[PDB]
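Novice: Residues per chain are reported as follows:
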Amino acid sequence: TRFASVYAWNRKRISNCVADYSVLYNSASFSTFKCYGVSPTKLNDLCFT
Amino acid sequence: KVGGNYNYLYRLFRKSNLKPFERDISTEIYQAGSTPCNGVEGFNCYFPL
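Protein chains in written order, with PDB author numbering: chain C, 342 to 390; chain B, 441 to 489.
Calculated from the structure, these hints are not laboratory results. The reader is advised that the hints may include incorrect statements.
[Unchecked claim] Here are the computed distance ranges between Cβ atoms for each label pair:
1) B:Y450 - C:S346: 21 to 31 angstroms
2) B:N457 - C:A345: 35 to 45 angstroms
3) C:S368 - B:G444: 16 to 26 angstroms
4) B:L458 - C:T382: 16 to 26 angstroms
5) B:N484 - C:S356: 26 to 36 angstroms
6) B:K441 - C:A345: 44 to 54 angstroms
7) C:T373 - B:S474: 14 to 24 angstroms
8) B:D464 - C:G378: 18 to 28 angstroms
9) C:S368 - B:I469: 18 to 28 angstroms
10) C:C358 - B:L458: 33 to 43 angstroms
11) B:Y486 - C:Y362: 13 to 23 angstroms
12) C:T342 - B:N484: 23 to 33 angstroms
13) C:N351 - B:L458: 27 to 37 angstroms
14) B:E468 - C:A345: 37 to 47 angstroms
[To be verified] Straight line, CA to CA, 27 angstroms or less: simulated BS3-like cross-link-like pairs of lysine-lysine:
15) B:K459 - C:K353
16) C:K375 - B:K441
17) C:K383 - C:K353
18) C:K375 - C:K353
19) C:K383 - B:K441
[Claimed, not checked] Pulled a few chain B residues facing chain C out of the computed Cβ check, cut under 8 angstroms:
20) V480
21) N484
22) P488
Think of the CB as a built atom: it goes at the ideal place given N, C-alpha and C, for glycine as much as any other residue.
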């Protein structure tokens with residue numbers, strides 16, 4: 342719940358771990374959930390740096 | 441140069457891969473009513489056109 346201001350947005354770097362995207366699109370607590378470029382379903386079948 | 445701004449239509453629908461030389465004139469609003477629609481039926485109403 343402690344989020345910084347828009348001008349002072351904080352950046353979190355995540356890597357070298359297994360990412361679980363199933364919870365992301367299966368939670369109704371997010372009113373807006375939109376992905377640009379890559380479909381959210383395919384994100385569970387792709388790996389990045 | 442015509443006022444018919446709502447006479448030319450295109451589709452953004454997905455999960456509807458179409459084989460060579462077939463037509464799908466079925467105009468239905470997208471309501472999965474299952475898990476892959478944020479888990480709620482009636483939402484994610486994606487207009488096909």
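Novice: Need the list of violated hint numbers for this structure, in ascending order.
Specialist: 1, 3, 13, 15, 16, 19, 21 and 22
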